Amino acid sequence: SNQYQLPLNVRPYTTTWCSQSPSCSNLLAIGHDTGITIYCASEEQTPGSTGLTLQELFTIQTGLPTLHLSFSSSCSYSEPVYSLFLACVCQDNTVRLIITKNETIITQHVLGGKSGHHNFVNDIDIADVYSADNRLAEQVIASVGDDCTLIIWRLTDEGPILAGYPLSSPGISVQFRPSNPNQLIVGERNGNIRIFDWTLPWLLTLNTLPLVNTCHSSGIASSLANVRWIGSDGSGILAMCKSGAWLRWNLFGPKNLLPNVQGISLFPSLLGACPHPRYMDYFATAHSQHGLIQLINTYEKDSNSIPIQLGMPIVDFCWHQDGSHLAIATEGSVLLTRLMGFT
Amino acid sequence: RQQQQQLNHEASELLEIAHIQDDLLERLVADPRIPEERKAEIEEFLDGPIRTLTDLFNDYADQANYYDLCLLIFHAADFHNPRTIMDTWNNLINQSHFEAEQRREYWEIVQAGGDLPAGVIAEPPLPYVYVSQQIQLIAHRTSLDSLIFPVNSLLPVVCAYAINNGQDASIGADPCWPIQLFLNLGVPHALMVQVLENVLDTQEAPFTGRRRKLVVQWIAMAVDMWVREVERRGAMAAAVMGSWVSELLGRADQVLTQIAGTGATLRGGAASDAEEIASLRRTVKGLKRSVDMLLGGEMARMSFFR
Amino acid sequence: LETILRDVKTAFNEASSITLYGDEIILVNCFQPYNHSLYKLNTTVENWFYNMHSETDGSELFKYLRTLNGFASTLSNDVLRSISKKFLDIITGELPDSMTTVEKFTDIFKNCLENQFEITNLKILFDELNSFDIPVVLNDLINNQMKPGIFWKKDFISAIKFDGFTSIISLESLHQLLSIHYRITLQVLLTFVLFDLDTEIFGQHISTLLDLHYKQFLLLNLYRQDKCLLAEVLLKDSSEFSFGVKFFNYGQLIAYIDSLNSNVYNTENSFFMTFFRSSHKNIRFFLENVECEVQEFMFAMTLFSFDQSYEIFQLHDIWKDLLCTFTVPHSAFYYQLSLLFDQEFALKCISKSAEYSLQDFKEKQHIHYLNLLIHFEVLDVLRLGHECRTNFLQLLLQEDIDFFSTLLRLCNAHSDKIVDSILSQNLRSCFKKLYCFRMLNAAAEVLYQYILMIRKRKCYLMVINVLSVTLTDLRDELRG
Amino acid sequence: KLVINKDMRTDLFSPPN
Numbered sequence: 004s005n006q007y008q009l010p011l012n013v014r015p016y017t018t019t020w021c022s023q024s025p026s027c028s029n030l031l032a033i034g035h036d037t038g039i040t041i042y043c044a045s046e047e048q049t050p051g052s053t054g055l056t057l058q059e060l061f062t063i064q065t066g067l068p069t070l071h072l073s074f075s076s077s078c079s080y081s082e083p084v085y086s087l088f089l090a091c092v093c094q095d096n097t098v099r100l101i102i103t104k105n106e107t108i109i110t111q112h113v114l115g116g117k118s119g120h121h122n123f124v125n126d127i128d129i130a131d132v133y134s135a136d137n138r139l140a141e142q143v144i145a146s147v148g149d150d151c152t153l154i155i156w157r158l159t160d161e162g163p164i165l166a167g168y169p170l171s172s173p174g175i176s177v178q179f180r181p182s183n184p185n186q187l188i189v190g191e192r193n194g195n196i197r198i199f200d201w202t203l204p205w206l207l208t209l210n211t212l213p214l215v216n217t218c219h220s221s222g223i224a225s226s227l228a229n230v231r232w233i234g235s236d237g238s239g240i241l242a243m244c245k246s247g248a249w250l251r252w253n254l255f256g257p258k259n260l261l262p263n264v265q266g267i268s269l270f271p272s273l274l275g276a277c278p279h280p281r282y283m284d285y286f287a288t289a290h291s292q293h294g295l296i297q298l299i300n301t302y303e304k305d306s307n308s309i310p311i312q313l314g315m316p317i318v319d320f321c322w323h324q325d326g327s328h329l330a331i332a333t334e335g336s337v338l339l340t341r342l343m344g345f346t
Numbered sequence: 015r016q017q018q019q020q021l022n023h024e025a026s027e028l029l030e031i032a033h034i035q036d037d038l039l040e041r042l043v044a045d046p047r048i049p050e051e052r053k054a055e056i057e058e059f060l061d062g063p064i065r066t067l068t069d070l071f072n073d074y075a076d077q078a079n080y081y082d083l084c085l086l087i088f089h090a091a092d093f094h095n096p097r098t099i100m101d102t103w104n105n106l107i108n109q110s111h112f113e114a115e116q117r118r119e120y121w122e123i124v125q126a127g128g129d130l131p132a133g134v135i136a137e138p139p140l141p142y143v144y145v146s147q148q149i150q151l152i153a154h155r156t157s158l159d160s161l162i163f164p165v166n167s168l169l170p171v172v173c174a175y176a177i178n179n180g181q182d183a184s185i186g187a188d189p190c191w192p193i194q195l196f197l198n199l200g201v202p203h204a205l206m207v208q209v210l211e212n213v214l215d216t217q218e219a220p221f222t223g224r225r226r227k228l229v230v231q232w233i234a235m236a237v238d239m240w241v242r243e244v245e246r247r248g249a250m251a252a253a254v255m256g257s258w259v260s261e262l263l264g265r266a267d268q269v270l271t272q273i274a275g276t277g278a279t280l281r282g283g284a285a286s287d288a289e290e291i292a293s294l295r296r297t298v299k300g301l302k303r304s305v306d307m308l309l310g311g312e313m314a315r316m317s318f319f320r
Numbered sequence: 002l003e004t005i006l007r008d009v010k011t012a013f014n015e016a017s018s019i020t021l022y023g024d025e026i027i028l029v030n031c032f033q034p035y036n037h038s039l040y041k042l043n044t045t046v047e048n049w050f051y052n053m054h055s056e057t058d059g060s061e062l063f064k065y066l067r068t069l070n071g072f073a074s075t076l077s078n079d080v081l082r083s084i085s086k087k088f089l090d091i092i093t094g095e096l097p098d099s100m101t102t103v104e105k106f107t108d109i110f111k112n113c114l115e116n117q118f119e120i121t122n123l124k125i126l127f128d129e130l131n132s133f134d135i136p137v138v139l140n141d142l143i144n145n146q147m148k149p150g151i152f153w154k155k156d157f158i159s160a161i162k163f164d165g166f167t168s169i170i171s172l173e174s175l176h177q178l179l180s181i182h183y184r185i186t187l188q189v190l191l192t193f194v195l196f197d198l199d200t201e202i203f204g205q206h207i208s209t210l211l212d213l214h215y216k217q218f219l220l221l222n223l224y225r226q227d228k229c230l231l232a233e234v235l236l237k238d239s240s241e242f243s244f245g246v247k248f249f250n251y252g253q254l255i256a257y258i259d260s261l262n263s264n265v266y267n268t269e270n271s272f273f274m275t276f277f278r279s280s281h282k283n284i285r286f287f288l289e290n291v292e293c294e295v296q297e298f299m300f301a302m303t304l305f306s307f308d309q310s311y312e313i314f315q316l317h318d319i320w321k322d323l324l325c326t327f328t329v330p331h332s333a334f335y336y337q338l339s340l341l342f343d344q345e346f347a348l349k350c351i352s353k354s355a356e357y358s359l360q361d362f363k364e365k366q367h368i369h370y371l372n373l374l375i376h377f378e379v380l381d382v383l384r385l386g387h388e389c390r391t392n393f394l395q396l397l398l399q400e401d402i403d404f405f406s407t408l409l410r411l412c413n414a415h416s417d418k419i420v421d422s423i424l425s426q427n428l429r430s431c432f433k434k435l436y437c438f439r440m441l442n443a444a445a446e447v448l449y450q451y452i453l454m455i456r457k458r459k460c461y462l463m464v465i466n467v468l469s470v471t472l473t474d475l476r477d478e479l480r481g
Numbered sequence: 047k048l049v050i051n052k053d054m055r056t057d058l059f060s061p062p063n
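Protein chains in written order, with the working numbering: chain A, 4 to 346; chain B, 15 to 320; chain C, 2 to 481; chain D, 47 to 63.
What the hints contain is simulated information worked out from the structure, not anything from laboratory work. You may find that some hints are simply not true.
Restricting the straight-line Cα-Cα distance to at most 25 Å, the calculated cross-link-like pairs of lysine-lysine (DSS-like) are [as the list claims (entries may be wrong)]:
(1) 258(A) <-> 124(C)
(2) 64(C) <-> 154(C)
(3) 52(D) <-> 53(B)
(4) 41(C) <-> 124(C)
(5) 117(A) <-> 148(C)
(6) 64(C) <-> 148(C)
(7) 304(A) <-> 245(A)
(8) 245(A) <-> 457(C)
(9) 117(A) <-> 154(C)
Estimated spans, in silico, between C-beta atoms of each pair [claimed, not checked]:
(10) 452(C) <-> 171(B): 34 to 44 Å
(11) 312(A) <-> 131(B): 49 to 59 Å
(12) 104(A) <-> 285(C): 35 to 45 Å
(13) 247(B) <-> 391(C): 39 to 49 Å
(14) 171(B) <-> 60(D): 47 to 57 Å
(15) 66(A) <-> 152(C): 55 to 65 Å
(16) 315(A) <-> 285(C): 27 to 37 Å
(17) 285(C) <-> 83(A): 42 to 52 Å
(18) 225(C) <-> 131(B): 25 to 35 Å
(19) 131(B) <-> 240(C): 20 to 30 Å
(20) 64(B) <-> 315(A): 54 to 64 Å
(21) 18(B) <-> 453(C): 53 to 63 Å
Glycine included, C-beta positions come from ideal geometry on N, C-alpha and C.
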């Protein structure tokens, strides 16, 4: 493990790799109480133990807390100059898209007030949509909140298009489908899981609550932590409960009648699962409060693998695109740790 | 010298255990709530050779809920277990509070004409006074250097007790009494402010909402004593404080601005503490001024004539 | 725990005997003291609920409900929850009021239902659905079965004393009824999002249903959040029946439960939010939900008990403090918030209010700001401000006295009456001489001379440099 | 050396034998 300190007065809230855009996949953003900081990951000589070190590049000041953070495919590099596009959520309950050239915010769009969410925003994600001619036609941001609303915010050539959709319960996560921006997934706090075609009722709703194996009772309150697609065509869906209970469904052949596989993490997962970018069957989950991280294999290859235990709480974490490195933001730092097995 | 010290050390430890055992035996024999049949049995096993600290704790001190002696036992045993220690502190505080309330009730019955329960010997200290007497007696016996005085955990608990039991101005007590107690006991000023900062940032109940007004008052009182100490130490040497203390007072002013605003829009009518908070703002600004002057150079020029 | 709780409950509930409560009420007494089971005559809807996989015959409404359940039972819990959430979102505005019904239903479908059910069961449902005269069946369900009656008081024997038994039996019965209602309502709404049912024709029903579902959810939530409190607010709702009720037959009981149902579907929300405030987590769903000027302030105080709170409050315009603030009605609100969190929120609000405002109030605000800043410039600002209560300032500067000295030096550098005098007095109250000199920049010279009346050389020297008679005297003294 | 064992003790509030 190598450890890289965040500035002394910087409290991290969120950590994400720029896996969404290959030109910028070595860019790391930390949303904190005064903005979003960008770091670069480089192969040093090091020892080929952790043959990867972190270089802090710069800090984008915003003046208020950043709670969720997503890079877009529009990110680019030039010589040098970084052209960034970031979706995030701020203390004023607004959802924003910030477009920068390095630390300087050259452009900013803000969706808030009554036109925005009418309660706390719980999650956000972003994807670039191109026309048939293949110019940038739209950038699309999806967000979910405690106002029982899902918001699709499309920024198009002739300007913004806003749409709201009602939910049976607070939205706790949302993510567009890989290799198919026409589809996306929305998570409700109550265990409902929506598959949605925004170009169009919405196509499908699964639910983890009634499926709990109950060989070991998952408890009275098993609030849904997370749902994410897996695979590079978005061939699968993985859902994780706060309790640690997880379930996986695949989407291809024949007729289907239950979720394909199911299990339970050793610990609660407040932050939910972070699926491996290269190995579908694998995902990571943290015991954020004691600072341990379990690695789970869906086809039970795993047998309780806990590669990571810190002596401190974990605020957030995410896989580097290479699949062997992990970046983890803790309350005062970010660690890059390399698991030798995944190399 | 090595052979002397090793014997003086063995005699010091055994004497510490023996005094605990003597305090136990005396208290158990005198306890009204102990049956006579058991007392004779206690006197047989404790009025002889010195017993291990395990036995004294399990078979006697824990069975009779003598939590003060439990804490002395955790000290003599170098007992590394913060959670049990704090559980014992919580039991000792609550036990003492209930005993003080009981004695004040018996008193009020005498001053009103009633009759006490049979076999009850007839202005006893308020509960927070008897509680802090218990903390002092232990502190002098263990010297504050013990692991039974983790100020980071014990000061918030005592402050919690004061709030959740109204040991404040309503009954005529000094609202800062928990801070006075630990300062006089000799807790260093920097450590107090350091803890109080953590109380204010994490907002753990009951230190929440508008009761953080009281947390700010404790910080004001602690920093004030710290300033007076630095000024005194400067005059002393004629014949540490960082910017974090200044930042802490700025955040404290923001908390007060937030509490006053919330107080002005409460359902049922505005809050009555408007001027009380305005006063605290002035005190906090005055302290930030003093601390800012010390930090800014006046601390390196304390031994110089003005 | 799950298992032991279930077993302990089961044990406790072992049956022992029958008691005919009242005239005709079937009561069973259990092995464990304080544990009884009442057996309650089902209403029509309850009979439908409890006999889906049975009723050979049944009315049209029953068959309709059975087919709806036939489809909805194939969906999973997570899906159903996400759908329920979305239906809440329509009321809360999280699904904007700007959208058409068709658009919200499309949102719901894509996000929740697409790919989440077997198309075969959809076909089964559509077919079965085509046999029914939907407007009529829905009419009978909404306006007869589910929406209860207007009462001209139909003798719910008023209890003179609190009756804990009838209290818990009533609350549990209400909970069963509303749970059943909830499941039905959700299944129907579901059918409204899946099929092209004229959003105008059924506009009334849809909005009634979304209104009813919502209320159902709320109640059920409160039920599992705090039963005692729910009972308390639900019985202090009815005035003449504040203490409770007595029922001696099944008709009186059913009628009372229905009565409470009416209360729920129709002054309640306010009484209950009030009693509550005087269940933290639920009221978030239900301040995002149940709130959608008054609702704004509620959202504020609830979200405070911090960014969201402050923002909402500012945009718009413990209990005792709140009452005081209401009586005053910005300054008061911020002061109260600051006091209550006394932290970041507090300090921020206080600072903002103080700024927006700029003898008692002024002094308090100033002191607070200064303290907060010294804990986290401010000094000089406040000073110049007040200058443009002198003893107060003397005390503030008393607290100030290294950081203070640095600030003073900064102010003097920037410059290069009352304030000056106060400062001189405080300084006069090595270090001392230096501070005095720095501030006065004659006073310096006087102080140095007085102190003098290595050290000698340094003083004489400093004096000579500052002056550049006195010099000659100093030189002569140093030479002597 | 201290070892807490709440399991098997002797009832301090009951006579012997």
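Original post:
Is it true that the C-beta distance of residue 66(A) to residue 152(C) lies inside 55 to 65 Å, as the hint says?
Top reply: Given a distance of about 58 Å, which is inside 55 to 65 Å, the answer is holds.
Subject >> Proposed proximity, residue 457(C) with residue 245(A) (alpha carbon, max 25 Å) >> reply: violated (76 Å)
**OP:** Can you let me know if the beta-carbon spacing of residue 171(B) and residue 60(D) is within 47 to 57 Å?
**Re:** With Cβ atoms ~34 Å apart, the hint is violated.
**OP:** For residue 64(B) and residue 315(A), compare the CB-CB distance with the range 54 to 64 Å and indicate the outcome.
**Re:** violated (43 Å)
Original post:
Range hint 20 to 30 Å: satisfied by the CB atoms of residue 131(B) and residue 240(C)?
Top reply: violated (44 Å)
Original post:
Does residue 64(C) pair with residue 154(C) here, judged by a C-alpha cut-off of 25 Å?
Top reply: violated (34 Å)
Original post:
Given the proposed pairing of residue 304(A) with residue 245(A), does the C-alpha separation stay at or below 25 Å?
Top reply: holds (23 Å)
**OP:** For the pair supplied as a hint, residue 41(C) and residue 124(C), confirm whether the alpha-carbon distance does not exceed 25 Å.
**Re:** The hint is violated at about 38 Å.
Original post:
Would you say the C-beta atoms of residue 247(B) and residue 391(C) sit inside 39 to 49 Å of each other?
Top reply: Violated - the Cβ-Cβ distance for residue 247(B) and residue 391(C), about 29 Å, lies outside 39 to 49 Å.
Subject >> 42 to 52 Å as the expected CB spacing between residue 83(A) and residue 285(C), which holds or is violated >> reply: Given about 45 Å between the Cβ atoms, the range holds.
Subject >> CB-CB spacing for residue 131(B) and residue 312(A) relative to the 49 to 59 Å hint >> reply: Since residue 312(A) and residue 131(B) have Cβ atoms about 57 Å apart, the given range 49 to 59 Å holds.
**OP:** Compare the distance between the alpha carbons of residue 117(A) and residue 148(C) with 25 Å, and conclude whether the hinted pair is satisfied.
**Re:** violated (32 Å)
Hint compliance for this structure: hints 2, 4, 5, 8, 9, 10, 13, 14, 18, 19 and 20 are not met, and every other hint is.
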